[PDB]
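Here's the letter readout for the chains.
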Amino acid sequence: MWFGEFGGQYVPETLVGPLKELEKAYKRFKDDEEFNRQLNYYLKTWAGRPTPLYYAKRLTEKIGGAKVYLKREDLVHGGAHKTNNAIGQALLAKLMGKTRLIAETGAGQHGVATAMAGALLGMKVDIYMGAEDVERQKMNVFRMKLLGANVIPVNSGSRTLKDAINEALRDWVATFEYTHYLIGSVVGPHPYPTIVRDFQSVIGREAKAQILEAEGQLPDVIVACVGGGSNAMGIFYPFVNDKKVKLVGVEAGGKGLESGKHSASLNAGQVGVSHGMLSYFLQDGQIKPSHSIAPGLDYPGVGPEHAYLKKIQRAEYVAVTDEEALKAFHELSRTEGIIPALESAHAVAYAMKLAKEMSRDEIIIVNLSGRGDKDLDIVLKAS
Amino acid sequence: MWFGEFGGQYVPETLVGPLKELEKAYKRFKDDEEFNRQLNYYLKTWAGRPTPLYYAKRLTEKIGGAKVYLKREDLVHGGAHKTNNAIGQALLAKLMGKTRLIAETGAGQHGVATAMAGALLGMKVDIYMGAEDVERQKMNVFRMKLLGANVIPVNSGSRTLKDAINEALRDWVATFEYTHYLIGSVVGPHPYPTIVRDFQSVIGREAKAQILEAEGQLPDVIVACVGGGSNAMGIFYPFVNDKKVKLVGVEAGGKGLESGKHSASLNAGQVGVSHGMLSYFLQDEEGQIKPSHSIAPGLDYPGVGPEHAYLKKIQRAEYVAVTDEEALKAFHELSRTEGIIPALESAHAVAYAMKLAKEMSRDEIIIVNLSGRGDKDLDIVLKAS
Ligand SMILES: Cc1ncc(COP(=O)(O)O)c(CN[C@@H](CO)C(=O)O)c1O
Ligand SMILES: C=C(/N=C/c1c(COP(=O)(O)O)cnc(C)c1O)C(=O)O
Ligand code: NA
Ligand code: NA
Ligand code: NA
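Those protein sequence lines, which keep their order, are chains B and A.
Sequence positions in the first sequence follow the authors' numbering and run 1 to 284, 287 to 385.
Counting from 1, one number per residue, gives the positions in the second sequence under the authors' numbering.
In short, the hints are calculated from the structure, not lab data.
Okay, the calculated bits of chain A under chain B, using three or more residues with CB under 8 Å as the criterion:
| hint | segment |
| --- | --- |
| 1 | 42-49 |
| 2 | 112-118 |
| 3 | 142-148 |
| 4 | 378-384 |
Covered, in the sense of this in silico footprint (three residues per stretch, anywhere, with C-beta under 8 Å from a C-beta of chain A), are these stretches of chain B:
| hint | segment |
| --- | --- |
| 5 | 140-152 |
| 6 | 337-344 |
Virtual Cβ for every residue (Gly too), placed ideally from N, Cα, C.
Chain B on its own, in the form it takes in the complex:
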């Protein structure tokens, strides 16, 4: 329910029954063998898990510091980590008797992931997406339509992700009987922060096995970009009790932390309640609209488990600017032949700065959360 004080379930009474049913359905099927057989089966044969753990030898040597490894979620079917959570929840939804999946999306990766999982399982799919994000990630919109999903543009309010979430919750109150709300990050009311983190933990578990195989020891640091926090929690979670392993979350610094145009909730937000949770939100009392060049990081909030990890000081949280993200995007494309997602490039940008201060014997794993194909128009205009 809570992580320290953070998290909770601050929702209208209409949503208590649904969320309790989800929580019981989950608690039941969480370790049902037939459920975990089907999940592993689709993750392996349809999604392509396990993803590899790539030693970036040229990047490492150019920096001349720590050994930089990349956990390659860019290679997951769909092109990002989001698919891991989309399969899990859609399978749960199907076993709960639901015939419809709804979801919010910003970058379009979760919307596509939900459409793909929906198409796979023969469920109807309606995706709520802000109009600024529709035009900014147009490829993902046509993919959702081709996958059989319906994309619903939200022009209201700020006309972006925050407002996409508001529309989806409004839908789910009206349709929860047959509709499952497939939330795409470690956000929202309980049980969602826990469910999304659990379905993303596979990343960290693989990466742990893979780095012991490659290097014969645990990594010194793990770096992952933080929007709502799902790819970061996924890779973080199985190393939480390895005290020697530092954990670093990288938020969108946008035009700069002192500019008022970023998405660093943990770094510069205030504690507050929104979308059913207590966590950090950017705010003026009223919640601020955020900015990032990476549309997947463009969310005022952040997941409560990160808010908790920051407070107990288990994880460190930093930021990286738009300019620094774009530079990591080109650096990685040219030096390693991997075109990263702009969200992921934040992680890469900080890992390259951090690698320089660390020694040749030391080890950093970067969660490469997605591929950059969706961002080609953005990087092209930015040029």
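With chain B held as given, fit chain A with the ligands onto it using these hints.
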């Protein structure tokens, strides 16, 4: 050098020195423990091998016939089978002491795959691409640019794949000392048809071990699309000596085989000599090469690899065609029914597998080689609908 009558090394004498040195180099490194360690290391940790073999249960059950498995080369880093050959040749090129890679591309996937392998191994990359194809696949050109490769638009002749190959050969004549011409299909003079098939054969060795895990037996049919023929040979070749496994190559039927606007060389092409090889081509009355058409820009090569010409003659493989319309219906069908957006090339193989599955028993197995993902083809499918 030969596959029956087909293949050979039909080139000018200036290309004989370069080809002999490549042929020598390959023979040396083909079985070298260190070369195969490095190739597999990059194929695993960087390219993401092995790819899975996916049972399309929903499509299977819709058709109500044979079991349809998809070999998921769409999940390979880059989004196509082309990366397998690109890494193999780029690494071979590096061990030969080359510093620069050139390649043709039509669809852009081979160019991207070459640009990727070149970035990985710290080599210069110039990609030859027909000006018609540059405008047609603008995003793949930007991907190549972002990867540090130069894209040289070809304005000579038809401004297509055939011409990009001709531009690439002219460059390689001059530059062979330090440049490797990285050909992206099982075409061209020896040793290219052999090398490319060898570097794509990992597809079939995986698919065989995977289908024996999944079903305890070999498949009844293997279906793959055929442009030049590399994704098809990759998946076919490990099954050649398993006599019970039928092999089907699916060519671009285009607007129709009788429309004069297609790319089925084996089906409606004539025997001929071009680009260093004796094989099937689409020809004019004079005997020169004819321009090809397909909605899938990857099946735009007017010829086809000589081992496919050979396999056809001895009747080991059957070759068929699928029209533009049938490939489009398969593109939408797989996306909606399985949540996999296939490349338009691959969609030809899916389209025929749907028709073949229907007229077969439930207990029979069809492996389709899903050669790429469809992210590159979204502009094309939008205009088509
Ligand atoms: C995804 C995909 N599937 C299939 C093919 C057909 O080539 P093959 O017959 O060599 O496999 C191509 C061709 N691609 C070549 C020729 O246009 C290129 O330059 O990229 C492809 O991109
Ligand atoms: C907001 C979205 N994208 C998020 C995203 C993120 C940020 O979400 P998490 O912090 O939950 O991983 C990171 N990396 C990639 C590739 C992403 O697409 C979305 O797909 O709706
Ligand atoms: Na945020
Ligand atoms: Na894999
Ligand atoms: Na052809």
